[PDB]
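Single chain ahead, by itself, as structure tokens, in the form deposited without its partner chain.
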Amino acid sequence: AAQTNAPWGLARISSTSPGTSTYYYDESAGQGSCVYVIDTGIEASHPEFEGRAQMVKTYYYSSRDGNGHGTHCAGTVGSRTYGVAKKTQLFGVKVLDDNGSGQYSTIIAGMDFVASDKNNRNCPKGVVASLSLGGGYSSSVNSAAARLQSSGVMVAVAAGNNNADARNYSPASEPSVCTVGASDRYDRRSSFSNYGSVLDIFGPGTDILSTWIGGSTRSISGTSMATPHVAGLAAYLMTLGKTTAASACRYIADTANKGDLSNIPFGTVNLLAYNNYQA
């Protein structure tokens, strides 16, 4: 399948080179997989989700995304126009408030929730969780991410926007998950992207167009935007049967574009998420 004039991030993930505009992908499009977006919520009513999104848990007064951040990330996972895996099922878990903030206790509860809740869903091709969030180092937050991964969920987490070593941020610094840095459309490390040995992979993160609340769209930047590219890619590859929740991050690194990125510090992987679609 081919989407013409795609957001640059989608085009990038289906090309060995920067600068292309068409997103090439297998028509299976992540069908049969499930992605939990653990964030500010998802505006499930957005036409771009086509009925494939639903809120399943909130830790606040409402399940509504009153911010937009979660809706943007969910859109990059699986919206029609802005999504990597355009036919996946999206599940919203609101651990962040409408200012985009959340307590670590709540974020941990949300991860534990997904580990259990997946056992009540039909997700024959597997389960992914996208965590576009984080703050300073916490062994408890890292452990929650490790548990979620161990439970059989492909966990993708943001590296953080501190232009620093991700070792000092959580859940980024949890080794057993998939820690995602951000790149821009000229294949530079995004100016804000964290780096370091714990990064597993980079995804498009600068000037990423996706869904927003109020049935709208906008372009924003962050390792928060790179993370759902990788979560969506994992879902897509799992639907194709090429990999599993336990092995998808490694598979994505195995098959990534290598050495294409600039301003990568020595000791940080130079690996950019790539779907290797061959029609």
Given for the second form:
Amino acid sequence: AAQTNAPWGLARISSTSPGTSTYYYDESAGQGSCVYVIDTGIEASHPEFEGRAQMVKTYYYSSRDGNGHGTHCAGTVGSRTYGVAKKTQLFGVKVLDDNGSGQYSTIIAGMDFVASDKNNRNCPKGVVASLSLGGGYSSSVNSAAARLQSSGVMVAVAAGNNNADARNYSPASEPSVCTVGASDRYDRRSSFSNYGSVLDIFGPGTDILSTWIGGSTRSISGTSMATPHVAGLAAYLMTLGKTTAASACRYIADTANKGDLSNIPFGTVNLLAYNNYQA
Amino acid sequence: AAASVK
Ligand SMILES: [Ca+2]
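I have the form deposited without its partner chain already, so could you send the form deposited with its partner chain bound?
Full assembly next; the chain just shown is listed first.
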């Protein structure tokens, strides 16, 4: 399949070279896989989700996304126009308030929810969890991410936006899960992207158009925007049978474009997510 | 402690 005049990051993940604007992907499109988005919520009514997104859990007085951050990230995973895996199911876990803040105890509660809840859903091909959030180091946050991964979920995590070593952030610093850095349209590391040996993979993160609240769309930048590209790519690859939850981060790194990026510090991998599609 | 969107 080919989606013409695609947002740049979708084009980037199906290309060996920068400078193209056509997303190429297998029509299976992540069907039968599921992705949880642990964030500020998802506007499930948005036209672009086509009835494939729902809110399953909140920890606040409402399950609606009043911020927008969660809906944008959900759109890069699974919206018809802006998403990687256009036919995936999208579950929303509201762990952050409408200001984008959340206590670590609530975040952990949402992670353990995913590990259990997945057993109550129909996701025969695969289960991913996108975690576009982070904060100060904590072994307990890292352990919850480890537990989720250990249950049979692929957990993608944003490295953080401090131009800093990601070892000091959580759950970015948990080795067993997939830690995602941000790149720009000219194959540079984004100038805000955390780096370091704990990073697994880079994905598009600067100027990423996706869905917002009110049925709208906008562009924003962050490692939070790279992470849903990788979460959607894993779902897509599990639907194709190429990899499993426990092996998808490694599969992605092995199949990635290698040595494309610039602004990579010594000690950080030079690996850009690639879907390997050959029409 | 408090986490935030990235
Ligand atoms: Ca890893």
